[PDB]
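2 protein chains.
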Amino acid sequence: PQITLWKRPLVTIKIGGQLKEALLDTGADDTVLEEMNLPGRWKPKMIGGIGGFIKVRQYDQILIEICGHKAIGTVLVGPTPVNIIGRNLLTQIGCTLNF
Amino acid sequence: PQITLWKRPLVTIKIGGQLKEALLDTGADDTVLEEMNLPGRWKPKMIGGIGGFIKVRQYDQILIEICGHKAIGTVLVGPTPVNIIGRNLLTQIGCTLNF
Ligand SMILES: CCOP(=O)(COc1ccc(C[C@H](NC(=O)O[C@H]2CO[C@H]3OCC[C@H]32)[C@H](O)CN(CC(C)C)S(=O)(=O)c2ccc([C@H](C)O)cc2)cc1)OCC
Numbered sequence: 501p502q503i504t505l506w507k508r509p510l511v512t513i514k515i516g517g518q519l520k521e522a523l524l525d526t527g528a529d530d531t532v533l534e535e536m537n538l539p540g541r542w543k544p545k546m547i548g549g550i551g552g553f554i555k556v557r558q559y560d561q562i563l564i565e566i567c568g569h570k571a572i573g574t575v576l577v578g579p580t581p582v583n584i585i586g587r588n589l590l591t592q593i594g595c596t597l598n599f
Numbered sequence: 501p502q503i504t505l506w507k508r509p510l511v512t513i514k515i516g517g518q519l520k521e522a523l524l525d526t527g528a529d530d531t532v533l534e535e536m537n538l539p540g541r542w543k544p545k546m547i548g549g550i551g552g553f554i555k556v557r558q559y560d561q562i563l564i565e566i567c568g569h570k571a572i573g574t575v576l577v578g579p580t581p582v583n584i585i586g587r588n589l590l591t592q593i594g595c596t597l598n599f
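As you go down the protein sequences, you meet chains A and H in turn. Heads up: the first sequence begins at 501 in UniProt numbering, then just goes up one per residue. Heads up: the second sequence begins at 501 in UniProt numbering, then just goes up one per residue.
Just so you know, the hints here were simulated from the structure itself, not pulled from any lab data. Heads up, some of the hints might be wrong.
[Stated by the list, open to error] Derived list of chain H stretches under chain A, where covered just means 3 residues or more per stretch with a C-beta under 8 angstroms from a C-beta of chain A:
| hint | segment |
| --- | --- |
| 1 | 518-529 |
| 2 | 551-563 |
| 3 | 568-581 |
| 4 | 591-597 |
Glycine included, every Cβ here is placed at the ideal spot set by N, Cα and C.
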């Protein structure tokens, strides 16, 4: 689909078998989701945003379906203010900016 | 044009008579620019994201040119780590997400 930006580009995602809402975020290198339970191993990681750094849990090679498009990649889980889909997965679903 | 997301969507902007590099950021409601001493009145504001909040100065009705496309709107100035073009201006240049 084509998504305009008059509203926040929020979409429904499916991860770990559960539905959530997430923001398509071209300014994010990586994908960061609010605190949740995901199966499998994970490693601690740090990520920095506009206000500083936070501790996240890094889950690699995670299946995630974004607006009907499948991706398999890295998902960071931690105290982000909002579920954000970053470029690591936006590229997988073929997302581009156009103007 | 069409901008793929393999790398950060960085573009040249013109503001306050100066050229700068800025990120086309669909995850940003508003536009946040590096410290610059723009003329005119402003009001203080707090904006937050990953890692907490920072203090910025809000200027209204500021003209920005983004890849040759002109836009006019609110710009927040402060110690942001990167220049962020948000939806308030991205809409004005007809920017969409597409997949
Ligand atoms: C020298 C390098 O600096 P740095 O590493 C941080 O640099 C960056 C800082 C911020 C961004 C943009 C930001 N992206 C990330 O947070 O992405 C995270 C995850 O993926 C990683 O890639 C990039 C960073 C990591 C979002 O797109 C937009 N945000 C909102 C989302 C969170 C809802 S927002 O910015 O908070 C924000 C909030 C309110 C408003 C107005 C008020 O509406 C405008 C903008 C990009 C790079 O230093 C660390 C201290």
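The hints, checked one at a time:
1. Remark: the segment 518-529 of chain H is confirmed as covered by chain A, as 7 of its residues place a Cβ nearer than 8 angstroms to a Cβ of that chain, reaching the required three.
2. Requiring three or more residues with a Cβ within less than 8 angstroms of a Cβ of chain A, the coverage given for the segment 551-563 of chain H holds, as 4 such residues are present.
3. Counting residues of the segment 568-581 of chain H whose beta carbon lies closer than 8 angstroms to any beta carbon of chain A gives 3, which meets the minimum of three for the stated coverage.
4. Residues of the segment 591-597 of chain H with a Cβ under 8 angstroms from some Cβ of chain A number 6, which satisfies the need for three, so the listed coverage holds.
When the structure is compared with the earlier hints, no violation turns up for any of them.
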